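Novice: As a plain string of letters, each chain reads:
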Amino acid sequence: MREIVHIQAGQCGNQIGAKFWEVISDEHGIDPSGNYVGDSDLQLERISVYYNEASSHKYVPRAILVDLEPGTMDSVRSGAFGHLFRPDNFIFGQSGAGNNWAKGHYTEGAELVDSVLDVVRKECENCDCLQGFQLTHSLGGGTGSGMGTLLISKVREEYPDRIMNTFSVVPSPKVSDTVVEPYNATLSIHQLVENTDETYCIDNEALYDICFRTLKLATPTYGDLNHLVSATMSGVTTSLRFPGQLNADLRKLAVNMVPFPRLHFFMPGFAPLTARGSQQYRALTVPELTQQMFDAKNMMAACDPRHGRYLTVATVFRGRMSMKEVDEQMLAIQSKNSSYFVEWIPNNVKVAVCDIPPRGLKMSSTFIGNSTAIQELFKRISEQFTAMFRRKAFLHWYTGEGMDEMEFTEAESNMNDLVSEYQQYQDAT
Amino acid sequence: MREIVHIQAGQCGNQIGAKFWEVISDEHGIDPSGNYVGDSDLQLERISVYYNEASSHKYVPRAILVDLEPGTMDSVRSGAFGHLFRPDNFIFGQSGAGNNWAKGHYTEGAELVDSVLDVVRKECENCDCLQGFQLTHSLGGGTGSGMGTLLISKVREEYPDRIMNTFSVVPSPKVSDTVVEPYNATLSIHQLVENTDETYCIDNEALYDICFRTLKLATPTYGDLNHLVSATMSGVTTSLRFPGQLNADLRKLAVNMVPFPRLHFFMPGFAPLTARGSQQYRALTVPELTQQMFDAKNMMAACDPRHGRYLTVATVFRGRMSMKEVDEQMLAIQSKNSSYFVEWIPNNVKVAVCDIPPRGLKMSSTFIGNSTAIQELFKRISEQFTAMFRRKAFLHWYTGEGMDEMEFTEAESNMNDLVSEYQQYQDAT
Amino acid sequence: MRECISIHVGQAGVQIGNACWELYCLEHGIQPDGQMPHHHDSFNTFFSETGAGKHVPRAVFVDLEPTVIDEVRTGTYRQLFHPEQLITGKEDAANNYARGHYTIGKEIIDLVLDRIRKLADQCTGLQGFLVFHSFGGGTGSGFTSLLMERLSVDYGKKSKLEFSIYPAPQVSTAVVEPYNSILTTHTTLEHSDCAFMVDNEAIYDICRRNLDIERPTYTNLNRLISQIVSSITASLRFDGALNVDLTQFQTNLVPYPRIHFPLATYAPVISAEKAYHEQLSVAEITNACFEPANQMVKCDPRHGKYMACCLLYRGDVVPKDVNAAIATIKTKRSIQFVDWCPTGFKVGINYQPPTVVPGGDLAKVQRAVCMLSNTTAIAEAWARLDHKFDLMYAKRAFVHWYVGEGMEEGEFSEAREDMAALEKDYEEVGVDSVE
Amino acid sequence: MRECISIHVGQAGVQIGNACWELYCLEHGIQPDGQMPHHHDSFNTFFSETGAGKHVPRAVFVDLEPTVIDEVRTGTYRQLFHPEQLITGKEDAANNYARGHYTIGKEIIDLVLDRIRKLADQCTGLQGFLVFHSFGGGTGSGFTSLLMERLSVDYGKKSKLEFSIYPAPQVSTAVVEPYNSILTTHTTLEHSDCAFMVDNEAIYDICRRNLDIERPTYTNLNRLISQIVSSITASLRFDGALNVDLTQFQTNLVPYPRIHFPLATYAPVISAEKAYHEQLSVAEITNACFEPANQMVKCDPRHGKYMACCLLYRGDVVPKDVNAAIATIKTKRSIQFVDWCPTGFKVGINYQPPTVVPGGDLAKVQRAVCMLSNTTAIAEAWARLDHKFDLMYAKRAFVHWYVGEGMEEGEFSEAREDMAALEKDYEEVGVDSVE
Amino acid sequence: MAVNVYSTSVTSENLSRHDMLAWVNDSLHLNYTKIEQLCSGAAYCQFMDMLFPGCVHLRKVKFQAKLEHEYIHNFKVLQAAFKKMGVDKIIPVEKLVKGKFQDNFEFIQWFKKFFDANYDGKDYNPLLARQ
Ligand SMILES: Nc1nc2c(ncn2[C@@H]2O[C@H](COP(=O)(O)OP(=O)(O)OP(=O)(O)O)[C@@H](O)[C@H]2O)c(=O)[nH]1
Ligand SMILES: Nc1nc2c(ncn2[C@@H]2O[C@H](COP(=O)(O)OP(=O)(O)OP(=O)(O)O)[C@@H](O)[C@H]2O)c(=O)[nH]1
Ligand SMILES: Nc1nc2c(ncn2[C@@H]2O[C@H](COP(=O)(O)OP(=O)(O)OP(=O)(O)O)[C@@H](O)[C@H]2O)c(=O)[nH]1
Ligand SMILES: Nc1nc2c(ncn2[C@@H]2O[C@H](COP(=O)(O)OP(=O)(O)OP(=O)(O)O)[C@@H](O)[C@H]2O)c(=O)[nH]1
Ligand SMILES: [Mg+2]
Ligand SMILES: [Mg+2]
Ligand SMILES: [Mg+2]
Ligand SMILES: [Mg+2]
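Chains as they are written, first to last, in the working numbering: chain Y, 1 to 429; chain P, 430 to 858; chain H, 859 to 1293; chain U, 1294 to 1728; chain G, 1729 to 1859.
These aren't lab readings, by the way, just hints derived from the structure by calculation. Backbone N, C-alpha and C fix where the C-beta goes; we use that ideal spot for every residue, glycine too. Just so you know, not all the hints are guaranteed correct.
What the hints assert, rightly or not - Sample of chain H residues with no beta-carbon within 10 Å of chain U, all distances over it, derived: (1) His897; (2) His913; (3) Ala1185; (4) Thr1213; (5) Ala1252; (6) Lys1282.
To be verified - Straight-line alpha carbon distances no greater than 25 Å define the calculated DSS-like cross-link-like pairs of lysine-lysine that follow: (7) U/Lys1450 / G/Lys1840; (8) G/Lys1823 / U/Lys1451; (9) H/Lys1188 / U/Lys1411; (10) G/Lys1817 / H/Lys1190; (11) H/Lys1015 / P/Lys821; (12) P/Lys603 / H/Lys1190; (13) U/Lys1383 / H/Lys1132; (14) H/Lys1163 / G/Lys1790; (15) Y/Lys392 / G/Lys1841; (16) G/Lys1817 / G/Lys1790; (17) H/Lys1156 / G/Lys1812; (18) H/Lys1163 / H/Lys1190; (19) P/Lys821 / H/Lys1282; (20) P/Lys753 / P/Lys779; (21) Y/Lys392 / U/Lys1623; (22) Y/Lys154 / G/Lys1762; (23) G/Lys1823 / U/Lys1450; (24) U/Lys1450 / Y/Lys392; (25) U/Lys1399 / G/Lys1817; (26) P/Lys821 / G/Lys1788; (27) H/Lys1222 / U/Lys1411; (28) H/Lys1132 / H/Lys1222; (29) G/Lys1826 / H/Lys1188; (30) G/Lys1823 / H/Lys1188.
Just chain Y, with the same shape it has in the complex:
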């Protein structure tokens, strides 16, 4: 009941998704071959939410992995933990989008969008009671941002009364992976603010910074990087997968987290984060967990909250604890740090508690904050896009495959409108 459909687009989505189904399988005790090997019967009480029952007690994930180039599917299929995905869902093209909007939303996207949409429609009919969709993609690439938006537009047309989340990977302020980042990002957000209920923005250096100082890792590869994102994205869902003292679900978070339709860009966070060596000198208890997750150092988006004010905040604990300890400290955090919370929203903290701890830990938590400091991220991106567009640089490879000048103009005006209203509420009395 209330199962969700997982869609992975681009190379980042496939690499994040490959580590995501590693954690989910471990939580439910599913062998890589696809058969249940767990012990506690609480795991199989709600297995239909993510996995799908098949013949001979085999379980197949409800995932749809799609990328425009065949490089990514080669690794996941041939590599380990690729014997359990359903081979029908492995949809791929032949030529990459080439870091282009047009070659990922109009020219190459159209060929593949009709094939994936039929796989999506098949899963829903098999589904008993749909809950929503989950999308992991990037805002800098061509297929992850171009076509990933195309699925959002088409799916939102067929299932208007559903809630879907995007675990995007927002670009960087310091070093840009691709030269034409602003053209792809600005055009993407102009489509995301319309057909998405809630979006979790994630950076890469704030993940490098966390994995450098807090985790004590000098050489964090992409395997140790995506492993941090997976826990955050699996922490949100775990409320409905397992019983808890004070339950929550995907729709419950959206009601509390989103005061206004255009203000649905979040900043995740995880705790506890400790190195292997220094875990024996800390007593795992609720006091440090709330303290640890509320500092700007341990946040997964490179945006310091001290420059803004939290509109509303969620905190999805896990493990087992005492409800008094949890509620005692949220009030303490609010009163002491009262200068960073908006005034026209009282008691702006939402708390939920589950009952199943993560693997190898007594208790943990996930912090989701709809802060105002996100305004600075959009201000910077619109700054880079503005300078490039006046000189009309790199643009003769976006007009050549379908768009025009008028499309960019409407994308920047919408982007500038969102920043103005994201700030005029911070200063509103």
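Starting from the known structure of chain Y, arrange chains P, H, U and G with the ligands on it as the hints suggest.
Specialist: Just chains P, H, U and G with the ligands, lined up with the frame of chain Y:
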């Protein structure tokens, strides 16, 4: 009780019949040598419908294979599973019809039809209570088409009060196997419309697409194509061959499917069709069975039902299931796809259920649809024939052996009348 | 159980038949002495089996000059042929159609017909005749016309395929070639079901380019033509997934009574060295056989429109990719059909891979294609031959020889008008018309 | 599933191609004969696997003089190449642009396009063509301008990358280099997606100083150039943490249609003995690749401003230090970017450490970098070449050879003004603009 | 004879997707709503008729094509018209007929350039030409 006489024509009929008798022997547990080796007595309960008992507990099929050229007979006799047919039934000429209606209907037809009629009469007088006739052939070849038409005419004259099915391989739109297809196709279809009862049109290119796309086969060959066709034929006959919860017969299917004497051209389909690799990731169940059945891509006639409306539909399940599920999902399909169903025929779905599953499968299903998309096939054939006859090409070689232009004119008029009536009944309110 | 007999007329016919019978003996596993060490019957269709294990071919070698027939007699295939079958005259026709059809050819025609009749009555399921003859040669042309007339009189309606040798546009060995060719075409236009047409210059170019031989004597051309003939007959001789017959070829290829002059092509024709670096797929062998430069008659089909095509694949062939490749070829830009032939392909598949003669130029191949195309580009060849004949006849050259050997100029005039009518019919049928 | 074909034109292309294709066989473990003793495919993007275990490359070697192609035929890589692919003429262009583009080249252009179409239709997912041509030569410039015009018409929008050889500033093998280079650039300007520039003079210094070799024959230079070519296409053949494709290169380096002239660079380039005393970290080879003396074209990037860059690592490379090293490079005051390009870096990481050819100068390295900087400093190279062309053309020297071979004096003026249009186009956008 | 033009990479000359559909609709006075609907080739055959009077038998083509086999015959007529006028652009007919945006947009992009090169400014009413 209710025995069926099988007739095979041409190379296509011979090869399809060879595969069909392989499948039937596998179903009934009959050794290639001709002696019973299986276990369950339910197979022996009704063995006289197709086979025929003989001394020393032998079983010989009631099949009459006959074709002008001898190569096919030599192949079927020298090859395996040729030790069980009765050599008296092995009738052949010396020279092929040369893809000519004249040589297939008047020149060699006389001698071949005389001998074949003698054999047919002997077999029928041997039979206890005749049920009907089965004829598998092609509408593009010379011998199969012409001599099958002659056999149908003579047998219809001899036994007016009986039913006969014709499994005809209709020509393909993209590529034509023989240059002069339309003349033979038009003449044969005119004769079939005049004096046949029901006809399941089967195409080759649609079979090719089904095998390449769904079954995921790199090198689809005639063995596989004939395997699919034989599976369909066995699924049709299993209802009266085996006991079931809700039995059905050939007469029942005919009366439920045919509303008018000139409308008896069906399109078959079989489910489930899965590749070797992907069978483990699917749950064999009635919902997916019906959803797989009711999509155009899994149709064995190269005509898209989306272009027309289903006049009537029959569905023969196999194996063990639940009538509640069966009729619930039939109702769901009818409600969802109502715009594709004719308004003045309510409840236009016939359902039958057997009890013995096909070999190596828990359950299966055969869907027979009488639709209005065959209108397009007849229109295309009529257009091709009209162009060739207007330019007066290849026609001296049909006049040189008996016929004249009057026959062609009347055949074209009959084809146009039939297609016009088909369309005008499609567009009724 | 099905028997067809072959008549080889003239030196060209005899040499082509020698190559073809060597190929058949290799294919069916028959030793040159007649003994032997799909297949079981096969050899029954060609090799009549006598009391002992010896097999004798159903061939009738006929010639007027005895030199080449004596060469065949003393050749390595001496014990195979029935000695009575090899019929030889005393003096040749000397490139004189009148001499080979009226004066000399009337003195051996009765014996040839008697041998043909005995061979036909020996068999019980006679299918047809295969006539191997040239066009320029006087005895070839004259005796071909005489045999056509006599066989048509004797046996009413049977398949009579011919394998001619059209004169090359530039390469020439004789001087009275236009007279001989025009006369033979006018005489045997009516008594032939289907005539396959082959030119020496195109085969020269194919052997030079594709096979890359700089010393292509007549043996290589004979081997190529023999391969084409064997590919045509393989459907009768062997089982396959989709069989065709001589009547099928004839019916599918001749749309009009006069238009029965198709042209042949074979693929792949590659050497041994180039074989390893090639993958030899069904699609690419179809493309190569349909390529314009691979045609074995010196004419470009691009200059005209196709009318009918017959593809015959033999070997490890899958009908799915066959049909895919044929659809691609139809979609291609070079191939353009006539408006009144919506369906323009007849396909046959055989399960027997082609065999390779020993010491031959070709390499072993698991897939082979023979293409028989009836098209319009042959009209240019007919017009060129007519122009040569008109230029020569404008001032009555060699007509003294032709008239002295029992002919009249009325025959020349009738042949000219018949050829003009045939060309006009060909062009009119090929060209499009409104309504 | 992904296929790209390479065309080698002239002696420079063939000699480079002989060394380059030696590297690919080593990388994929292909013996010179063709057999073999990240990998499951890999070689399918370059090596078309035939019926047997043999693999044949997707290369088209075209030249007008048969002197150098014959060396390849008899060389150690004799059984690898498809014998039909090696296309040869009869006489060379003789350093004349008109001869290799108008008179002599036209008689062989049709044959080359025939082999290109045969190889392209065999493949299914064709991405683009790699062209290895020089600039000073006759057939490497005149003929390669003919291929671009012909290829672009047949295939509309496909990648076309040129690995050219710019004439050196002081070193000069030929004497009519300004005439040939100016004419080629004006013709192939509109038909090239991205052309990589490599100069022979700059590579001599790199081999002399860094590699410490005083005997740098043309064999040594081609090995060093070949490593750049392999790193460009190293992402297609191998997996990685962050892949790039042939199209991604084209979209990230060309801000304006005319400005598509980047210059390559490789790192590390060290000898065998100097390797031990160097720790070879990621943070320094990025620094090493940015030094002004390591650039492969004789021009200092300090004199201009960078427009876009492209790094390509491979081996034991972790993305954290890659992004840390680039951040330090950006803040260094030697590297200065243009105002309208706030983002100026594209990265790509591969998991395949570069291999070494036996007998080569370079040592085994677990990390490597290939840099493609599109910089304004190349505008100096255009100005210098335009100075030479304007100097000799004023008095009409050497023109009588070009005019008499099928050209006009008017055609020279059009190519002169076109380069003047590009020269100020390059400067007017690299310089700042008001507001 | 007709003049030819190539198209590889041009700036400030390629038109927007919306404007290209408007030009096709305006020239022939019809209601194509998607550019990918140009798979039929009926509009393409009419373009050759406008560029060069005659050279195409407009009676052969039919504008009510809705099937995969019907789409090909329309393009075969266009193949002959290209040869007669001596143009040398190979139509990838195997890829246009599938009705996808990629291949259908590139061909019209080339055809727009061909249209301008061989246009003398003549005008007529396609409605009477179509009927
Ligand atoms: N978190 C995380 N991000 C990644 C990882 N790999 C790449 N990225 C980011 O994702 C972007 C990759 O581009 P994609 O959206 O995947 O584009 P693509 O799949 O290569 O297809 P094209 O855009 O056509 O090249 C890069 O800019 C990186 O910043 C990863 O392993 N983990
Ligand atoms: N389903 C199926 N169809 C086939 C197969 N083989 C051939 N066909 C079709 O059947 C037709 C065969 O012609 P036939 O009716 O058998 O005629 P024939 O046996 O060759 O004898 P003639 O008509 O005298 O030439 C062809 O047009 C094919 O389209 C097969 O193996 N399976
Ligand atoms: N393809 C092929 N053609 C041949 C061969 N030998 C002869 N010819 C053709 O035969 C023609 C010569 O006329 P023939 O048919 O041989 O006449 P003949 O057999 O010498 O007898 P006469 O006509 O009396 O001289 C030449 O134009 C050749 O084209 C051969 O071995 N192969
Ligand atoms: N990098 C490199 N450049 C070479 C090599 N061999 C020749 N060149 C370049 O090629 C130029 C000589 O002209 P080519 O391009 O070779 O002309 P060609 O191929 O000999 O053909 P023609 O112009 O007709 O003589 C010289 O200026 C060199 O810069 C080589 O081995 N390596
Ligand atoms: Mg990618
Ligand atoms: Mg037959
Ligand atoms: Mg002679
Ligand atoms: Mg040279």
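Novice: Give a verdict on every hint.
Specialist: Okay, the hints, checked on the actual structure:
no. : hint                  : result
1   : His897                : 25 Å, holds
2   : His913                : 36 Å, holds
3   : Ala1185               : 15 Å, holds
4   : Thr1213               : 19 Å, holds
5   : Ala1252               : 39 Å, holds
6   : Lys1282               : 36 Å, holds
7   : U/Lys1450 / G/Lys1840 : 15 Å, holds
8   : G/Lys1823 / U/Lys1451 : 16 Å, holds
9   : H/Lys1188 / U/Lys1411 : 18 Å, holds
10  : G/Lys1817 / H/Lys1190 : 13 Å, holds
11  : H/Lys1015 / P/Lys821  : 23 Å, holds
12  : P/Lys603 / H/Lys1190  : 14 Å, holds
13  : U/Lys1383 / H/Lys1132 : 23 Å, holds
14  : H/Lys1163 / G/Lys1790 : 22 Å, holds
15  : Y/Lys392 / G/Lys1841  : 24 Å, holds
16  : G/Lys1817 / G/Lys1790 : 23 Å, holds
17  : H/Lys1156 / G/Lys1812 : 24 Å, holds
18  : H/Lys1163 / H/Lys1190 : 14 Å, holds
19  : P/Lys821 / H/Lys1282  : 18 Å, holds
20  : P/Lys753 / P/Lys779   : 15 Å, holds
21  : Y/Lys392 / U/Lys1623  : 24 Å, holds
22  : Y/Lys154 / G/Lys1762  : 17 Å, holds
23  : G/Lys1823 / U/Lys1450 : 14 Å, holds
24  : U/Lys1450 / Y/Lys392  : 22 Å, holds
25  : U/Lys1399 / G/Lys1817 : 20 Å, holds
26  : P/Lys821 / G/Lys1788  : 19 Å, holds
27  : H/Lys1222 / U/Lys1411 : 22 Å, holds
28  : H/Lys1132 / H/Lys1222 : 12 Å, holds
29  : G/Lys1826 / H/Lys1188 : 16 Å, holds
30  : G/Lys1823 / H/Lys1188 : 14 Å, holds
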